[PDB]
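The chain that follows stands alone, in the form deposited in one PDB entry, written as structure tokens.
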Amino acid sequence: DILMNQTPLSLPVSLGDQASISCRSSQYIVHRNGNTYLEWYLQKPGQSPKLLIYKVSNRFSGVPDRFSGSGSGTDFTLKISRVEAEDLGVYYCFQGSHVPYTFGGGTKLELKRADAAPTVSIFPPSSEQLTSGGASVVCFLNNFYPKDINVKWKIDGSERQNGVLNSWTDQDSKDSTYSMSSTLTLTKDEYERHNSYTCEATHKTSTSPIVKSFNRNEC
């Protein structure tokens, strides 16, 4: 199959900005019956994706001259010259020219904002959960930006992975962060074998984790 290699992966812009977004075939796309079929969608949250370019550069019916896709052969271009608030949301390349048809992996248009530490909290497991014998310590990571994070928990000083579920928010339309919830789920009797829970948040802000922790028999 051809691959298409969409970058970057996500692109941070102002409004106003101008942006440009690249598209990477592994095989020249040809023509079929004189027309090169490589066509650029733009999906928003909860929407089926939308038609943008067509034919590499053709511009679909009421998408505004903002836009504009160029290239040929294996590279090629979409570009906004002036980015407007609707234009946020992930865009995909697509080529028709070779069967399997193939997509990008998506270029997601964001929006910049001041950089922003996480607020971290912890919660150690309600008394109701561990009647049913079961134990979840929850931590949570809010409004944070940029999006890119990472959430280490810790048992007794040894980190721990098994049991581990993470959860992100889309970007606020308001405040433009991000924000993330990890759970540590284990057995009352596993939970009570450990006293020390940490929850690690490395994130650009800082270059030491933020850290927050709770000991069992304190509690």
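Positions refer to the first chain, counted from 1. If you superpose the two forms and keep the largest set of C-alpha atoms that fall within 1.5 Å, you have the rigid core. Compared with the form deposited in another entry:
Once both forms are fitted on their rigid core, the CA atom of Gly157 lies 2 Å or more apart between these two forms.
After superposition on the rigid core, the Cα atom of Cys199 is displaced by 2 Å or more between these two forms.
For comparison with the form deposited in one PDB entry, please write out the form deposited in another entry.
No partner chains or extra molecules come along with it, only the chain itself.
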């Protein structure tokens, strides 16, 4: 089973930059009937993937000069000479040499901008929810950049992992920031066995984590 490793995972760029995405395979991508099947696909949000390069280096119809592909064996590279806004999205390589055929994990091309710390807001369970026998604690982490962030729930000084659902927005087309909601859900009874609830966010903009918490006691 051929593993395709794309790097970087995330590539921030300013419009007009040169950009390079790398794809390394775990086996030699050998020819079939004289054809080397290495292909690059771009997916923009809300759309089908679309072919950019096929047979390693060949631009597909309607694909601009700025896109080029190269490589052989186990090392392949897609290059964009000067990035436009229409190129922002996720890029996937694909190999059609060895069954079963495999995509890489994808590389997200995103717009660079000035760093921005998340606005963190934490919310105790609604009273109306406790009445139904459930309890969900909700943390919003809004308008940060870069995308890289860690979110950790703490209950009474203990990291908690079960019951946690996360969800994120893609890059905002107004201000180029990211946002995220984290939701720790427990039974009413488990929620009542404790008092201090904390959402902790580690991010580039702060040397020590950004913390928000409440005591159930107070609500």
